[PDB]
Amino acid sequence: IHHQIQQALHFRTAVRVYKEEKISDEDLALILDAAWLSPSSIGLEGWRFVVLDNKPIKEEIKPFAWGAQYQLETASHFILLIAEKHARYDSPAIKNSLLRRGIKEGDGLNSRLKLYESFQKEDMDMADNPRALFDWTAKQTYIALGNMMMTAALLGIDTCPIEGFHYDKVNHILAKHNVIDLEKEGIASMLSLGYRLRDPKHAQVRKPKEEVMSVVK
Amino acid sequence: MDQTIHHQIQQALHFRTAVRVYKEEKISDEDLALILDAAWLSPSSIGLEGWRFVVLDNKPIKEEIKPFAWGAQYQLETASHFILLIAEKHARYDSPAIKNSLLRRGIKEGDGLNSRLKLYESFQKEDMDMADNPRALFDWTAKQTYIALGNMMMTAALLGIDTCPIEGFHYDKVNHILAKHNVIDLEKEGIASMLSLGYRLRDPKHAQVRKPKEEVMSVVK
Ligand SMILES: Cc1cc2nc3c(=O)[nH]c(=O)nc-3n(C[C@H](O)[C@H](O)[C@H](O)COP(=O)(O)O)c2cc1C
Ligand SMILES: Cc1cc2nc3c(=O)[nH]c(=O)nc-3n(C[C@H](O)[C@H](O)[C@H](O)COP(=O)(O)O)c2cc1C
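For the protein sequence lines, the chains are A and B, in the order given.
Okay, so the first sequence: first residue is 5 according to the authors' numbering, each after it adds one.
Okay, so the second sequence: first residue is 1 according to the authors' numbering, each after it adds one.
A hint or two may mislead.
What the hints assert, rightly or not - For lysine-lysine, the following BS3-like pairs were computed, each having C-alpha atoms within a straight-line distance of at most 25 angstroms:
#1 B:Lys99 to A:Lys213
#2 A:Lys99 to A:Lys118
#3 B:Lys188 to A:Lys221
#4 A:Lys125 to B:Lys62
#5 A:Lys188 to B:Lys221
#6 A:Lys66 to A:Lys188
#7 B:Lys62 to B:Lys23
#8 A:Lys211 to B:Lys99
#9 A:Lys125 to B:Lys89
#10 B:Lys26 to B:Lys66
#11 B:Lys213 to A:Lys26
#12 A:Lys125 to A:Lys188
#13 B:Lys108 to A:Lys211
#14 A:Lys173 to A:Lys59
#15 A:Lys221 to B:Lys180
#16 B:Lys26 to B:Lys205
#17 B:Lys205 to A:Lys108
#18 B:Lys118 to B:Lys59
#19 B:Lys205 to A:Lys99
#20 B:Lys173 to B:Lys59
#21 B:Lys118 to A:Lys205
#22 B:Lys211 to A:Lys99
#23 B:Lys221 to A:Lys66
#24 A:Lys118 to B:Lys211
#25 B:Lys66 to A:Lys221
#26 B:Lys211 to A:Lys108
#27 A:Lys221 to B:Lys26
#28 A:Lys125 to A:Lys99
#29 A:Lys62 to B:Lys221
#30 A:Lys125 to B:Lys66
#31 A:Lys180 to A:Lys62
#32 A:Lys221 to B:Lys23
#33 A:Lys26 to B:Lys221
#34 A:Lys188 to B:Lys213
#35 B:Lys89 to A:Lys213
#36 B:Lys173 to A:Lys125
#37 B:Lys180 to A:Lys118
#38 B:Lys89 to A:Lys211
It should be emphasised that the hints constitute simulated quantities derived from the structure, not laboratory data.
Build the full structure now, drawing on both the sequences and the hints.
Written out as structure tokens, the structure is:
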């Protein structure tokens with residue numbers, strides 16, 4: 005399993021140009037299962053993963069997506085990662101995550117809601133800052149993003165994680181096609197999936213591992 | 001199509017659960033190293049790698065964190081290893097960190113470097129609206145560490161190692177404990193999250209809950 009994992013870690017690279025060859029529906033389903041089963045802080049699951057097969061919408065997004073030109077053009081599949089806005093402790097979203105989990109009264113539910121108020125007001129210092137609340141739900145999607153990429157790599161499928169686009173212009177294109185509801189949510193990132201047209205030009209580059217990892221004994 | 005690999009991934013996805021109480025059994029050096037390699041080798045936006053992953057073995061520091069960590073009480077007590085995910089502050093387009101991330105990749109040659117800096121500038125000012133907003137910039141590097149969080153947890157799961165991702169602590173207070181011990185430079189970096197690792201004492205009583213998959217995943221066209 006070590007050699008296999010290590011092989012997947014070195015196989016995953018950010019590829020921009022893909023083969024025409026399409027990912028099977030079974031491989032695609034596995035990848036999305038990895039997203040769906042990902043853990044999210046407080047089990048909120050304030051996120052959605054959208055397979056964008058619609059070619060006109062891709063064409064509309066393209067001029068606003070500097071980091072995604074070739075991927076939007078060539079990728080087998082293109083996934084949008086959406087995060088919930090305004091997921092404040094006193095929101096229905098949060099209210100609904102407790103019920104889902106089998107929490108009820110308002111003395112087991114209003115109790116944990118007391119903790120979530122403390123968590124957002126004090127612990128993470130974000131309750132009264134909508135951008136920070138959005139950035140918090142958006143962070144959970146990066147967990148699913150890593151899970152999808154690792155699953156992909158273990159299947160020999162290439163990916164590219166993408167932030168290189170104008171967020172507000174992409175959000176409005178998505179809202180106008182009713183792909184998202186801009187009141188409730190906004191895009192966090194994009195992920196392309198496919199088979200690389202060719203081997204990467206330059207080798208994998210990272211900081212020396214000592215500048216990144218360490219032990220405090 | 002490749003059924004053996006599907007089974008292995010499917011086993012790991014259903015194995016992973018957020019584990020609060022661990023047994024005493026420790027993770028091997030080889031398994032911890034692979035897990036950390038998963039974080040190190042993770043992609044980050046623009047190749048910045050504005051992150052550090054620290055194995056917190058020191059028991060006194062764990063003991064000090066504990067009263068301010070409502071979500072990590074049994075994890076700090078019982079976990080085999082505990083990892084702090086640290087993100088860089090002030091990663092503005094014109095910062096030394098952003099410049100070094102280009103140099104690392106051999107980009108320097110006047111307007112290869114400068115031309116990228118110009119893209120990173122519009123990216124932070126216009127695409128993400130964060131160039132002049134240090135909290136947003138921090139949250140942006142902190143987002144990258146969640147990719148590593150994911151890769152670490154999947155690697156652990158494939159290894160049979162239980163895990164728990166942790167945000168349930170007072171960030172300012174924990175930051176101050178970490179700076180006080182010279183674990184971080186608070187002017188340059190801040191904690192993003194923690195991850196406990198180990199072997200579950202036992203399987204959970206209450207099976208995994210998720211939203212119906214139609215409420216999370218969909219296809220446009
Ligand atoms: C969240 C994040 C966003 C990214 N956005 C883009 C994108 O905008 N366009 C692109 O071509 N590559 C994008 N990438 C890929 C990075 O440039 C790449 O991960 C980095 O250069 C490290 O190299 P490697 O993953 O190929 O090993 C992104 C990576 C991360 C994780
Ligand atoms: C970023 C993040 C932070 C989390 N923080 C905590 C924590 O502070 N304390 C805790 O007991 N569980 C924590 N969890 C675990 C979640 O409660 C758990 O992932 C969620 O309820 C889904 O259940 P499952 O992972 O067992 O499938 C966290 C999860 C995520 C991804």
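Against the structure, the hints come out as follows:
A threshold of 25 angstroms between alpha carbons decides the hint, and for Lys99 (chain B) with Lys213 (chain A) the separation of about 19 angstroms falls inside it, so the pair holds. Between the alpha carbons of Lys99 (chain A) and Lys118 (chain A) the distance comes to roughly 12 angstroms, so the proposed pair stays at or under 25 angstroms and holds. Between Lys188 (chain B) and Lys221 (chain A) the alpha-carbon distance is near 22 angstroms, which keeps this suggested pair within the 25 angstroms criterion. Taking the CA atoms of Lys125 (chain A) and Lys62 (chain B), the gap is about 24 angstroms. The hint holds against a cut of 25 angstroms.
Taken as a hint, the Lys188 (chain A) and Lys221 (chain B) pair is honoured in the structure, with Cα atoms around 22 angstroms apart against an allowance of 25 angstroms. At most 25 angstroms may separate the alpha-carbon atoms for a hinted pair to count; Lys66 (chain A) and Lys188 (chain A) meet this at roughly 24 angstroms. At roughly 17 angstroms between alpha-carbon atoms, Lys62 (chain B) and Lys23 (chain B) fall within 25 angstroms of each other, so this suggested pair holds. Our distance criterion of 25 angstroms between C-alpha atoms is met by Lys211 (chain A) and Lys99 (chain B), whose separation comes to about 13 angstroms.
Restraint check: the Cα-Cα separation between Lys125 (chain A) and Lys89 (chain B) comes to about 21 angstroms, which is no more than 25 angstroms; the hinted pair holds. The straight-line distance between the Cα atoms of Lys26 (chain B) and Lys66 (chain B) is roughly 21 angstroms, inside the 25 angstroms bound, and the hint therefore holds. Among the hinted pairs, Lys213 (chain B) with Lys26 (chain A) is consistent with the structure: their alpha-carbon atoms are about 23 angstroms apart, no more than 25 angstroms. Taking the CA atoms of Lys125 (chain A) and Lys188 (chain A), the gap is near 21 angstroms; set against the 25 angstroms cutoff, the hint holds.
A C-alpha spacing of about 17 angstroms is found between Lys108 (chain B) and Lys211 (chain A), which places the hinted pair at or below 25 angstroms, so the restraint holds. Straight-line distance between C-alpha atoms of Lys173 (chain A) and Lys59 (chain A) comes to about 17 angstroms, which keeps the hinted pair within the 25 angstroms bound. For the suggested pair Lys221 (chain A) and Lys180 (chain B), the alpha carbons sit about 15 angstroms apart, so the restraint of at most 25 angstroms is met. In summary, the hint linking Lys26 (chain B) to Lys205 (chain B) is supported, as the alpha carbons are separated by about 23 angstroms, within the 25 angstroms threshold.
Of the pairs offered as hints, the one joining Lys205 (chain B) and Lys108 (chain A) holds, with about 18 angstroms between alpha carbons and a cut-off of 25 angstroms not exceeded. Proposed proximity of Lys118 (chain B) and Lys59 (chain B) is contradicted: the alpha carbons are some 46 angstroms apart, above 25 angstroms. Pair hint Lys205 (chain B) plus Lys99 (chain A) holds up; C-alpha atoms about 23 angstroms apart against a cutoff of 25 angstroms. For the given pair, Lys173 (chain B) sits about 17 angstroms from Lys59 (chain B) by alpha-carbon distance, which is consistent with the 25 angstroms threshold.
With a CA separation close to 23 angstroms, the supplied pair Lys118 (chain B) and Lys205 (chain A) stays within the 25 angstroms bound. The hinted pair formed by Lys211 (chain B) and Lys99 (chain A) meets the criterion: a straight-line CA distance of about 14 angstroms does not exceed 25 angstroms. At roughly 17 angstroms between alpha-carbon atoms, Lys221 (chain B) and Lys66 (chain A) fall within 25 angstroms of each other, so this suggested pair holds. A hinted pair counts as satisfied when its Cα atoms are at most 25 angstroms apart, and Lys118 (chain A) with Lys211 (chain B) qualifies at roughly 23 angstroms.
As the CA atoms of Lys66 (chain B) and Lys221 (chain A) are separated by approximately 17 angstroms, the hinted pair is consistent with the 25 angstroms bound. The hinted pair formed by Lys211 (chain B) and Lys108 (chain A) meets the criterion: a straight-line CA distance of about 17 angstroms does not exceed 25 angstroms. Simply put, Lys221 (chain A) and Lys26 (chain B) have alpha-carbon atoms about 15 angstroms apart, close enough for the 25 angstroms limit, and the pair holds. Simply put, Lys125 (chain A) and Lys99 (chain A) have alpha-carbon atoms about 17 angstroms apart, close enough for the 25 angstroms limit, and the pair holds.
The hinted pair formed by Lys62 (chain A) and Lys221 (chain B) meets the criterion: a straight-line CA distance of about 11 angstroms does not exceed 25 angstroms. Restraint check for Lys125 (chain A) and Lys66 (chain B): satisfied, since their Cα atoms lie roughly 19 angstroms apart, inside the 25 angstroms limit. In summary, the hint linking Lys180 (chain A) to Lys62 (chain A) is supported, as the alpha carbons are separated by about 13 angstroms, within the 25 angstroms threshold. With a C-alpha separation of about 20 angstroms, the suggested pairing of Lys221 (chain A) with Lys23 (chain B) holds against the 25 angstroms cut-off.
A distance of roughly 16 angstroms separates the Cα atoms of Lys26 (chain A) and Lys221 (chain B); the hinted pair therefore holds under the 25 angstroms criterion. At most 25 angstroms may separate the alpha-carbon atoms for a hinted pair to count; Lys188 (chain A) and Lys213 (chain B) meet this at roughly 19 angstroms. About 20 angstroms separates the Cα atoms of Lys89 (chain B) and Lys213 (chain A), which keeps this hinted pair within 25 angstroms; it holds. Distance hint between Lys173 (chain B) and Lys125 (chain A) is fulfilled; the C-alpha atoms sit about 14 angstroms from each other, no more than 25 angstroms.
Restraint check: the Cα-Cα separation between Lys180 (chain B) and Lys118 (chain A) comes to about 30 angstroms, which exceeds 25 angstroms; the hinted pair is violated. Restraint check: the Cα-Cα separation between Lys89 (chain B) and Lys211 (chain A) comes to about 17 angstroms, which is no more than 25 angstroms; the hinted pair holds.
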